[PDB]
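Q: As a plain string of letters, each chain reads:
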Amino acid sequence: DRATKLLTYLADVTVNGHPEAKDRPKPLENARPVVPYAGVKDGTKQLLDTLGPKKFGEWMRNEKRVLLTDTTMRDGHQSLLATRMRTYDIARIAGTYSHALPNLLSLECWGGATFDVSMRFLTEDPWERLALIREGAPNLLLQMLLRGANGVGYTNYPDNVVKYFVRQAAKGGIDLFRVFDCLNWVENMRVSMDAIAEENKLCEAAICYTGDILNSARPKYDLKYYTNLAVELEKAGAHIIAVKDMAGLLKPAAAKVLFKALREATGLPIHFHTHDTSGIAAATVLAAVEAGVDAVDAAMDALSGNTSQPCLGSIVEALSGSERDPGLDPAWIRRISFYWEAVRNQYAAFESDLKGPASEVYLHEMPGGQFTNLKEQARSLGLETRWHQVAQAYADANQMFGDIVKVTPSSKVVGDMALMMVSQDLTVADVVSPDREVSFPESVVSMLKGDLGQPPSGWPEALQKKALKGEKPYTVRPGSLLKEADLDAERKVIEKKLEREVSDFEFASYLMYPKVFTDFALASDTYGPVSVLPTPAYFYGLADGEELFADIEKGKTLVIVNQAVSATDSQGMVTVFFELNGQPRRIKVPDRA
Amino acid sequence: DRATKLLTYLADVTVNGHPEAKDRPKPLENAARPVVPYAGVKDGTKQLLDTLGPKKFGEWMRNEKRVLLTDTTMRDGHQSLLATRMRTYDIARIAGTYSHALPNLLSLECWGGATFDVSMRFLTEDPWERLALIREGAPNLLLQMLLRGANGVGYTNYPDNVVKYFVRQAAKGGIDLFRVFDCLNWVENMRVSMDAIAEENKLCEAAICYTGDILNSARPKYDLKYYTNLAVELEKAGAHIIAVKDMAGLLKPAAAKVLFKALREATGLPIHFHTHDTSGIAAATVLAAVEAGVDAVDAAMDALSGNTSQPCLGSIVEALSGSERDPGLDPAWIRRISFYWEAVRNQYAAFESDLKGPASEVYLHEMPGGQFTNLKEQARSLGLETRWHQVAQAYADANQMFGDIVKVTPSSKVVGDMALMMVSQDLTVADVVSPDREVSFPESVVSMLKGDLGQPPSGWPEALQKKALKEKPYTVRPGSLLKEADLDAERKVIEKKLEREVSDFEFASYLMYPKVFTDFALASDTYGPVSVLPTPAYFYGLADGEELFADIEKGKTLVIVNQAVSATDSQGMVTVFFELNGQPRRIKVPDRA
Amino acid sequence: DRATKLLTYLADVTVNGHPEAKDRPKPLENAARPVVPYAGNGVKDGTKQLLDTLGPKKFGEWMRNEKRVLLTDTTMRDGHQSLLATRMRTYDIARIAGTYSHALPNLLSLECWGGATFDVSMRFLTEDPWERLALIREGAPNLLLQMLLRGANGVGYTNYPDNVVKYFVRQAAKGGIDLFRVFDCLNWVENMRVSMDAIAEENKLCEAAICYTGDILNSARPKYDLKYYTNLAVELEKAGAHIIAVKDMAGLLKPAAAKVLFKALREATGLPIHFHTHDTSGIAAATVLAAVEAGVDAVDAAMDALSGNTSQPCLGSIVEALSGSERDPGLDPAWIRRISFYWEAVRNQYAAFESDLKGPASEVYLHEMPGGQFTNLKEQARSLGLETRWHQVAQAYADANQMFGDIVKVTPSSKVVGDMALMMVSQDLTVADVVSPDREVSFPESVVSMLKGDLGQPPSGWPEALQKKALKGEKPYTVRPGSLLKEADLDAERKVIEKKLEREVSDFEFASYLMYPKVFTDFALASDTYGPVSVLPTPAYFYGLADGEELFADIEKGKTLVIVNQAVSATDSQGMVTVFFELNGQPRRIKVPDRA
Ligand SMILES: N[C@@H](CCCCNC(=O)CCCC[C@@H]1SC[C@@H]2NC(=O)N[C@@H]21)C(=O)O
Ligand SMILES: N[C@@H](CCCCNC(=O)CCCC[C@@H]1SC[C@@H]2NC(=O)N[C@@H]21)C(=O)O
Ligand SMILES: N[C@@H](CCCCNC(=O)CCCC[C@@H]1SC[C@@H]2NC(=O)N[C@@H]21)C(=O)O
Ligand SMILES: [Cl-]
Ligand SMILES: [Cl-]
Ligand SMILES: [Cl-]
Ligand SMILES: [Mg+2]
Ligand SMILES: [Mg+2]
Ligand SMILES: [Mg+2]
Ligand SMILES: [Zn+2]
Ligand SMILES: [Zn+2]
Ligand SMILES: [Zn+2]
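Chains as they are written, first to last, in this note's numbering: chain A, 3 to 595; chain P, 567 to 1159; chain C, -2 to 593.
Just so you know, the hints here were simulated from the structure itself, not pulled from any lab data. Take the hints with a grain of salt, since some may be wrong.
Interface residues of chain A toward chain P, partial, derived using beta-carbon atoms under 8 Å [what the hints assert, rightly or not]:
no., residue
1, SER322
2, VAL567
3, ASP571
4, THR577
Backbone N, C-alpha and C fix where the C-beta goes; we use that ideal spot for every residue, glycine too.
Let the hints inform the model, and build the full structure from the sequences given.
A: Spelled out as structure tokens, the structure:
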């Protein structure tokens, strides 16, 4: 029966294709990824277990070598492939990291858009993904990106929901939480931060970088701004401070000044995250290293550059033989990169048309992980030919909102405003004007009400009046207004709707994404453990006479040969003929054409 | 096991088409399956012959006032319009209906002619099986064959003991009435077949082939006396019936008034008239013959009548209805059987010629009806489609060059070969017989001029014979020269080549057509009793998801559904997925493309 | 401008195809064009000079006394009407007339006009039936030209005022018709007189036809017996006929009946007898030869290439059967064959319009469908989705006949039994249903019309009960339809068509408007747009010109245009396509719409 359900998925996708891939570019008809051939050395996970998060932070600070986080399994494909990377390809390589690169600080492999996209577009459970990475890499810290009060969502959730999710995240295998607020509002971070400390995990509290500290004509986001936030985050209980440069705006000279001041303002270790949209982010990471930074993020070469992180292999190689040499074997970095390259070839459907570095990024400030999603939304609205006016709008809308930190979900709001402006030919002067009528997007109404928080100088008065159209704003923390969710009764609703008990993890999914989770859980009961399928089989099914080996449970491999596919019958059904371990099986599926 | 072989055939033809039908016109898709009408049976001419014997039966025919009818639909009808491609399945299934509905019929012409070899070579079916099914369906009617005298059912001369052997088997197989003819109207060559049919106590109906025009005084060679003498000669040779075989449909009404009055005066034997409707007036000649006392006439069912076939049975009967000689056939039943044949005919669209209607051109060329369409294609084969009227002029020229000879299988084919060559190479009667013009004749023209088909009245033309042979000719009977074949030896040969014993019938097939029989036997061993398949299935296999009912045998229907067809694999094989009586079956056949 | 107009036609059909041919089977690709047989001396006087000399009355006497059987060739009319939906073009028909004239000068006549040709020429072939007649008259000045004329219906399907019927006949004679075969669909002699008199006023031959139906040798069907026919022959003589025809439209006359019928007709009247039949049965030649044996004066046949099945039986083979006999027609068989080969090559161009008829059918003695309707009714059936139940329709046609009183079925009465049969199958009605009290039925317009009396009267009248139910309160009439019709105002209606066309018209065109106002109007506007497309050879008319194809078009007697299709543009932003022609060496560009 589990095997029968799988055959049903393979039939369906063989006959009808997959909605996300069928109408997009295909992989070359030509070679599956090969896991390189190799107990594992204890690493940062064991140390953290030994020391506890606070002392583990001190250890990082005192460590001379720069510490490396690999982002390939989350930000890398979030930024380059619409986050469509699958568990099968991610989990299959964890053991290789574990054996080959046991010195790594952490694998960023969770949170961001992965939680949402796994269930919705990939038909898979993010919690199972985490558990398979945990088992494959028992010696490395597993790191997630946590959106503070938004969790893994796009809306501010109630305090008890936020706390419940963090508890399950830590139970599921998360050792290191990078937590941020999209307005750098420390008050909105305290609930998350406290909950991370209560699970006795690493709270790496992030400060989002924007502007240019070395440009005295933008004083709002100056050095003092960052050094103060660092100090405040320490008082709030951070184990580590992160600079999250989501748009890749930090320049080398600025890094040199920033990381020095930061390490003088707080004793906590500093972790630096950036994107390579400019084509020079590697120079910034290196400058940060020269200036004492304790840890940096990079992506494997094959999923690096442009809107992703800068090249991990080339950064390591730049540091090779130096005092701060991170002690990672370049031959193994290459082998792993060659794996990800062959992996990436399978996701041709989701490539963007980004051709290289663009200094334009310093003008628009679009986050790396948003840039391509937003280019799609603009195509969607017939704007493809006017992309450069969109980027100009985004920068204009930013100034109109008071010049703000733009990261998920504040970035999406500027996005929605920018798109509207271009579509309807509206200038800043018109959007605010009293004599021009404007129906603002639900996201802009929401933010201007105070649903995402408060910037330094509040929100601009006049823009806020016209937007709310009678509504009274609020300036307090959103979670302080929200009602503690009835958890026992919220559980009953989902358990009644699935006609079965659920696990604590599944309930957490439901709290974050009730509709996505529900739809996903009903799909799972139909199609089975489709995450065990190789990626070409998942997206395109099986060719006539093609043989597939799939491991259903740990013990047992299923041998599936697609022998033949019928025409559509009078009742609208197609019959796919299979061999399962040398036994014949027919499976009927609907012709969705 | 016969089932597995049937599935092998159905798969083989579904995947590759039938070679005879693949590249030709297709029946209309909507297509109504032919429907056998709904109805012991009245004793008829079979029981009469069984009571009276052949001589007494001939007397009975003679004394009968009503004109007796032979239906030719089963044989000459489709030989002449559909290149003899009609299948046992469609033929046998209506036999019982003839038996119940038209019990007064003299006979069913259903065997001999081109059917014998065409069934095996082109339809993968045994002609003896066909005969026995008609016998079992029509136990009350005479079954009639066409026998080519010394040629048996071949195109060549066979030893006397072989001719004797084949007639014996044909009698065992169910043939009651033997129409026997010689291609030059030479009685000496007819003497053995006639003795063999008498020795087996069946009806010897000795035919005289009609050619020329008795009422034109500028053509004396084929005057009335020629035919009256040949009638008396064939009576002295022991005929029970005399036939006038007007192979090319050259007999005109006025000539019929004279010929048949004179014939019945010359002999006490009954007379049987066979013609073809190429001129579009042969029904007039038939009606004139009736009005002049002829005892029996041939017609074909409406739906397979006209043009190069026999004239319309239904309309003839209808013209006689109520007259002194009315044949006592129910017109409503002729109509119903004709509606059956119409639907059957539609299945054989692949084999329809382009013949538009009547042609008085027939009086010039004298091509037999049953050859006309064969030769038009043979000329198409040699790229002559565009000069068909020159080929027709060449056939008439050749005829005169050979001395104004009787044209019919196989002498007709000889003249055909000569005409085709003459046109190909732009050659006249003057060129073909010129002293200084080096030709290379067909292997059939030499053969004829040698003496292999026998002797015409005046012999062969001296000059045209020398240039053709180069080799002394013989004037004697061909069978007097052919050594008596060792039957016990030739039977051990075929039984070794097939590694199994054969029936007496099968050995007679071998004697007539060693190559075609050998190939058919082998194909039968591979594909099974394919003759039980309905005609669409036999020529085109099964549509995707199509359900066939086949009666592998009288006590057993099989239910066969084509559920799917695989792609061609790396061995070049194709797998067809059947459901046979509810059970999955997998048949591999080569991709012949 | 005439040339420019032709180019316009050629561009249009090249780009868009012809509506009649586009989606139908295509002729073979290579195709030898029809070759007109070479003749070079004058033409022997024939029946045309005889009628001019004697007048019709003395001509009929000459026919009667003439020992040899006389022949009418119907290939130019009934032949293709029956086999090719009457789609045969003037170009192919006129080109052989001269050959008939030089090579078969003993023919009684050429049946070359009337029937469906008048209508179809204009509507489906964009040509003028008068131009056709005139071109045939020019090419065969020694043979009688013969038409089928439908009596009260002219060359139409409706009934017309007397003065219009007369006016048409007058133009037909001016246009070149010598021999009018005139018939009434119910054999109602009263309905023929106006026609018969018009023909006599024009001093042409009036061949009054008796349509044959049933079986005179079947006493279980007395209504249509021997004397029914001999009495009509007598009344037609009294009414001024020069010749009596037996018009066996369905090919139902059998050989033994012909033997009795023609011996009797010759005894009953002093007029010559002329026999027309069809070969649907596959034995009509036998009936023709029986009629000759029994003394008939003339018979109709079709050239071999267009003979058989629903057409006439085979001219060449019939002539061959008579060769050397007492009544030998004196027609060279070799020339019959050469002319048949020409028609064969002609016919290959019309593959689009071939029916799927396989051969003879004794079924014809059941349904009694006319030969020149059989195929047309078979399309109607297909149209209504009834291809698969054709034999049901045929059974219903025979059922509908007996319900109507067992009538004569021929244009336009046959058209009405068709419509009734077609309705009966669709809606699964028996005869008992159609005449039922408690079953409401919406009859065809044509059937309401017939039972009212717009087609005239059969001998025993219409069935009372069935007429009540069909009319639904409408009072019927039994008088001659034309006696109730207001005399058309010919001066005023001439002004109407001349106003609509913004030009004066000819007497002939006017006669066409009177018969078919709508069709003629449409054809006259089409001609103003497209010019004299009748002069194009047939492949070019139906399929235009292939890429790079050179065509020689005889735009008139003197003058030949050389036309090459050099290129065809894509469809432009206004939905137009430009065809680049060379015309006599000069570049020309014609824009036509993309009709896709
Ligand atoms: N368009 C949706 C996203 C849905 C895409 C993937 N669908 C699922 O995960 C549901 C599971 C069942 C769908 C399978 S996939 C291929 C086979 N082919 C089909 O068309 N359906 C089945 C969104 O925007 O939310
Ligand atoms: N080309 C041959 C005529 C042979 C045609 C029919 N063949 C036989 O009777 C032999 C056995 C059947 C072969 C089957 S038929 C359909 C399936 N499709 C194929 O292409 N071969 C197999 C001649 O000229 O003699
Ligand atoms: N469908 C009409 C019959 C009309 C058929 C012939 N058409 C005409 O006679 C109109 C004159 C010009 C039309 C030409 S033909 C080819 C070119 N292609 C076209 O589609 N139109 C022009 C009916 O049933 O009444
Ligand atoms: Cl959701
Ligand atoms: Cl052989
Ligand atoms: Cl009209
Ligand atoms: Mg350090
Ligand atoms: Mg007798
Ligand atoms: Mg006479
Ligand atoms: Zn990032
Ligand atoms: Zn024959
Ligand atoms: Zn007619």
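Q: Next step is simple, just say for each hint if it's right about the structure.
A: Quick rundown of the hints versus the structure:
1. Annotation: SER322/A was flagged as interfacial toward chain P, and the flag is violated, the nearest CB pair being 48 Å apart, outside 8 Å.
2. Checking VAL567/A against chain P by beta carbon gives a least distance of about 6 Å; that is within 8 Å, so the hint holds.
3. Against a cut-off of 8 Å between C-beta atoms, the interface hint on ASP571/A holds, since the closest Cβ of chain P lies about 6 Å away.
4. Satisfaction of the interface hint for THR577/A is found here, the shortest Cβ-Cβ separation to chain P being roughly 6 Å, below the 8 Å cut-off.
Of the numbered hints listed earlier, the single one contradicted by the structure is hint 1.
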